[PDB]
Amino acid sequence: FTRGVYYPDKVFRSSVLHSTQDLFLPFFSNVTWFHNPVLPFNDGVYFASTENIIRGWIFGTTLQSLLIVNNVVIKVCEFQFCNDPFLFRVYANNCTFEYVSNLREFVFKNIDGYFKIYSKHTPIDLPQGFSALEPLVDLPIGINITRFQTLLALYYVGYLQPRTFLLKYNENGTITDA
Amino acid sequence: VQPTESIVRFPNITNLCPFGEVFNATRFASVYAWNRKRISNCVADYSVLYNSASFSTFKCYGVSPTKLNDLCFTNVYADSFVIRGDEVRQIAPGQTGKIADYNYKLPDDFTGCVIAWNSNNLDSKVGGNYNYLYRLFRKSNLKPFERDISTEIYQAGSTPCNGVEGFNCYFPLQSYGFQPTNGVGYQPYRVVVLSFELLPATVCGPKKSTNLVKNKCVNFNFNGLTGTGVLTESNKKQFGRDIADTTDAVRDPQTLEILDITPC
Amino acid sequence: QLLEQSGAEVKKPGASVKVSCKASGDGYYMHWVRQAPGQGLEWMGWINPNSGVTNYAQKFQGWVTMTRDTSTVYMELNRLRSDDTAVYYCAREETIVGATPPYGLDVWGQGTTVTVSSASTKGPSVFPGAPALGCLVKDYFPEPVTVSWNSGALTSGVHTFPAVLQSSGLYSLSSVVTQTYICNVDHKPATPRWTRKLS
Amino acid sequence: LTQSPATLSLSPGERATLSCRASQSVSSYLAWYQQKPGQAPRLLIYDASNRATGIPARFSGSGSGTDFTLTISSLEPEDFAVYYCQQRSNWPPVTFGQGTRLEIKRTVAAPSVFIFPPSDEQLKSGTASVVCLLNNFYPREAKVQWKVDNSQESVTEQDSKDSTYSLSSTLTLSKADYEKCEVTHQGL
Ligand SMILES: *[C@@H]1O[C@H](CO)[C@@H](O)[C@H](O)[C@H]1NC(C)=O
Ligand SMILES: *[C@@H]1O[C@H](CO)[C@@H](O)[C@H](O)[C@H]1NC(C)=O
Ligand SMILES: *[C@@H]1O[C@H](CO)[C@@H](O)[C@H](O)[C@H]1NC(C)=O
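Protein chains in written order, with the authors' numbering: chain B, 32 to 66, 81 to 96, 99 to 110, 115 to 121, 125 to 141, 157 to 160, 163 to 172, 188 to 210, 215 to 244, 265 to 288; chain A, 320 to 518, 521 to 558, 564 to 590; chain H, 2 to 27, 31 to 74, 77 to 137, 148 to 194, 203 to 223; chain L, 4 to 152, 159 to 189, 195 to 202.
Isolated chain B, as found in the complex:
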C-alpha cells in the first residue's frame, strides 16, 4: 500500500516539502506472503512480520555470512549452516566483527561498505496506514550478500527499487505524507 518510507538522511526539517532519490518500496506493489526458503537479496529487502517466533536472519553468499540473533548478537564470522536452521541448531574461522546491544517492520540495505537496518513497530493483511522508520543501527563491515534466509523457533517480503519520492514533514519534523 504505502508502507516502507524511511528517513533517508540525518537532517532535521520542518514544514517543508523535500524530494530525494533513493531506494524505496513502490506504492501498491506485490509482496510475497510466506507462512523457510532461501530468498534473493537484490537491492534491499523490506520485511514485515506480524505476530515471540520470528527470531533473526542470516545474510550471506554461499551459506562473509552475516548473522543477526535475537540482546542482538551480530557476528560476521565464516559459518557452516545446516539445511533448516532454527532455534539452538544453527551451527568460525577468522571472526572479524562482533556486536551486542505486533506489526514489526524492517528495511535492510547494503551500500558503500555500510550495512543499514531500519525499524518501526506499531500495535494492531498489512494495514492501510502510513508509517515512518527511524534508523536503528549502522554496521561498518562491507561484505558480499546475495541470498538471505529468516530464522524461527519451531510474514511478508518486498524488494527495494530506485525511485524518486516527494516527502512531507510537519511542525514537529515527522514524515506524515508522500
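Hints are supplied without guarantee of correctness; some may be wrong.
What follows is a set of in silico ranges between Cβ atoms, one per label pair, in the way DEER data are often shown [to be verified]:
no.	chain 1	residue 1	chain 2	residue 2	range
1	A	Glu465	L	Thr5	42 to 48 Å
2	L	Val151	H	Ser183	34 to 40 Å
3	B	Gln218	A	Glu554	37 to 43 Å
4	H	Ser88	L	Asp70	48 to 54 Å
5	A	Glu465	B	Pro230	27 to 33 Å
6	H	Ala125	A	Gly482	40 to 46 Å
7	L	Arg18	H	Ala40	43 to 49 Å
8	B	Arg237	A	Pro322	55 to 61 Å
9	A	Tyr380	B	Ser205	56 to 62 Å
10	A	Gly482	H	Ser88	33 to 39 Å
11	B	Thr286	A	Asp571	19 to 25 Å
12	A	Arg408	B	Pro272	52 to 58 Å
Pairs of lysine-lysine, DSS-like flavour, derived with a Cα cap of 27 Å [as the list claims (entries may be wrong)]:
no.	chain 1	residue 1	chain 2	residue 2
13	A	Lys378	B	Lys41
14	B	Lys41	A	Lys462
15	H	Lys128	L	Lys184
16	A	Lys378	B	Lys129
17	H	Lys128	L	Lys127
18	A	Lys444	B	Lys206
It should be emphasised that the hints constitute simulated quantities derived from the structure, not laboratory data. From the three backbone atoms N, C-alpha and C, an ideal C-beta is built for every residue, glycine too.
Put chains A, H and L with the ligands on the given structure of chain B with help from the hints.
Leaving out everything else, chains A, H and L with the ligands in the frame of chain B:
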C-alpha cells in the same frame, strides 16, 4: 558587527589513530593483493608525517597537506603495497601502465593523499627477493578500487588449456627481481594511499575545545561547520538545516542540548 | 632433500616399464629428464604432486603417463623401442604460486638405467690376446662386466675400454695392460667366472 | 638453445668463458648446470647471475638481452666437466641446451702402437678379431686404418695422472676369410 572571538566544539575523545600499525608494519603486501584498513573513532595527527623528511613523495589531491589538522573526516582508509621505483608516478588520478590498469586503480574524482618512500634496506635479500608479485595479463581493465586475486592461466586466442602453460597459455603474474645492486628506479618503494570523504563525523585532529558563548556575534566551529552567527537556545529536535538549504540549528557535540544559529 | 631411484632394469621391445622417485623431504613440482648415451639432456614432463595435474612434452604425447600417491611419484612408459635406452632422472623444482619459477632444478636423483634390447641373457667369452697383452671379453649380455688383473694386484697401465655394441645385440670390450699374469672376469646378472691365464 | 664452442681447451689457471643464446622475452629465466661423467647434474647459477648454495666464488655468470655468459676466474683441476644452459618459459617449458665439454691441455705426445693376432681358441669358433692398440697420446684425434694384402673403435677418457687418451680398433673377420694397421697421427 564584526565577529568577536572563535568557538571550537569537538567531542571528548582521547585515543589516537593507528598510523604506527600501518606505516611501521614489518612486512607489506604485493600490489595485486593490496592490504586495506578502515580507520575511525580516533584523533589523527597529520603533523607527525609532513614534518618527517623520510617520505620522498607526499602528494595530496583534494586538500592541502598544511590544512589537514583542521577538517573532520568521514570514511578514512589506508592501502599498503610495494611497487618498483619508476611506477610511483602511476599512482595518481588517471594514469596508464601496468599498475594503473591491472593492479590498482584510483578514481577520477579522488580526495586523499599518496605517500611513498624507499625501503631497499628491508626488501632486498642477497640471492634476490622473488615473492613480490604483480599482475601482467588480464582480459580487461579494473574499476576504481577493485581487487582481483586469481592464479589461473591466462588463455589467449587459441586452443584452451587447463592448469598448464603452453602455446598462448601464459602465466598471469610476474615477480620483481629485487637484488640490492639495482639502480634507483629499480629499487623497492613502499606505498600507502590515504583516502577520505569530506562533508556523523568521527576522525579529526587535535584542536582544543573552547567553552560556550551565547547571544554574541561569534565565529563557530561545531565539529566541522564554519560560519558566523549568533547562538541561542532551541525548542525541539544534527545539521538541522531548513528550506533555504542553509544550517540554522546544530546539536552541541559535548552536551546534547540543541542550539540555534541566527545570522549577524 | 634426498631423492631415491628404483634401480636398473631391462625390458623387451613392446613391453612397459615403471620408474619411481621417492622424496623424503616434506609447493614444488617433479620433473623427469632423460639422457640417451652420448647425447644431451631432454625434457619429458612435470607433475604436481598434490593435485596430480600434469604437463607433457610435445614429443612424448601418447607414450608417457606419470602418476603419484601420498610422497612417491611414478613415471610409466609404454610401447618401448630401440630409441628408449637412456638414464632417467627426477628433479625437484621450487615454485611460486602464480608466476614462472626462477630457481632451476636444484635437487636431482641419481638415475635409473633402462636397457631395451632383443637378445637373451648370456655369458662372456674370454680370449687371451698374447702379443701389451689383453683378455678380450666378447659376446655377452647385459652390461656391465668387471675385469681385473692378478686378482686385483695391479693398477699401473691397466686400461679398460668402454663396451661397444655389435650387430648381433651383444656387447664386447677389451682390457690391455703393459712373470705370470691372469685376468679375472665377472658378470653379475648371471654370475659366471672365467679366470683366464694369459701368456 | 645454442651453445658455442663445441669443445673448449684450457690449462689449469686460465679463465674460462662460454656462452649460451636464449629466446623471446624477459619472462625467460635461465640457469647453468654442471655434469661430470657418471654423475647427476648440479645447479650452479640461477637467473643468469645468482649462485646456488655451496658454489664457490669463482663461478659467476652475467649477461642480458639475448646473450648469456658463464665465466670462471681461476680454473681448478676439479672443474673439468660438461656444462648446460636451461631456459624456463611457457611454450617450451624447459628446452635444455646442447652441451660444452671442458678439458685439459698439455704437450703433444705420440702413441706406442701394438697389434694382436687372433688366438687359436677364437680361431676354432668361426669369427676372428684382430686388435690394434694405441697408448698415451694427446691430441684428441687420430685415424686408424686397416690394410689387408669392417671395424669399430672405442676411446677412453682423460686420465687423472697424465691427461692422455688411448684407443683400440678391432678388425672382425670370419674364419674362412682369415684363411684366405697404419696410425695417422700429427705428433709422429
Ligand atoms: C560477490 O559474489 C559473487 C558470486 O559469489 C561474485 O560474482 C561477485 O563478483 C562478488 N562481488 C564482488 C564485489 O566481488
Ligand atoms: C566529555 O568529557 C569531559 C571530560 O572528561 C566531561 O566533563 C564531559 O561531561 C564529557 N561529555 C560527555 C557527553 O561524555
Ligand atoms: C615509525 O617508526 C619510526 C622509528 O622506527 C618513528 O620515528 C616513526 O614516527 C614511526 N611512525 C609512526 C608511528 O607513524
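Tested hints:
1. A:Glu465 with L:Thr5: 42 to 48 Å: holds, 45 Å
2. L:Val151 with H:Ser183: 34 to 40 Å: violated, 20 Å
3. B:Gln218 with A:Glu554: 37 to 43 Å: holds, 41 Å
4. H:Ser88 with L:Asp70: 48 to 54 Å: Roughly 39 Å apart at Cβ, these two residues miss the hinted range, so it is violated.
5. A:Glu465 with B:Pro230: 27 to 33 Å: violated, 20 Å
6. H:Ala125 with A:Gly482: 40 to 46 Å: holds, 44 Å
7. L:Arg18 with H:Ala40: 43 to 49 Å: violated, 33 Å
8. B:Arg237 with A:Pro322: 55 to 61 Å: holds, 57 Å
9. A:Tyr380 with B:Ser205: 56 to 62 Å: violated, 39 Å
10. A:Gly482 with H:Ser88: 33 to 39 Å: Holds, since A:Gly482 and H:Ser88 (Cβ atoms, about 35 Å apart) stay within the stated range.
11. B:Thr286 with A:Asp571: 19 to 25 Å: holds, 22 Å
12. A:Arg408 with B:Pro272: 52 to 58 Å: violated, 39 Å
13. A:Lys378 with B:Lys41: Status violated; Cα separation ~33 Å.
14. B:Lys41 with A:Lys462: violated, 30 Å
15. H:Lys128 with L:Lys184: Holds, at roughly 23 Å.
16. A:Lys378 with B:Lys129: violated, 38 Å
17. H:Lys128 with L:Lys127: With a Cα-Cα distance of about 20 Å, the restraint between H:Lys128 and L:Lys127 holds, given a limit of 27 Å.
18. A:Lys444 with B:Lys206: Roughly 61 Å between the alpha carbons, so the hint for A:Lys444 and B:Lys206 is violated.
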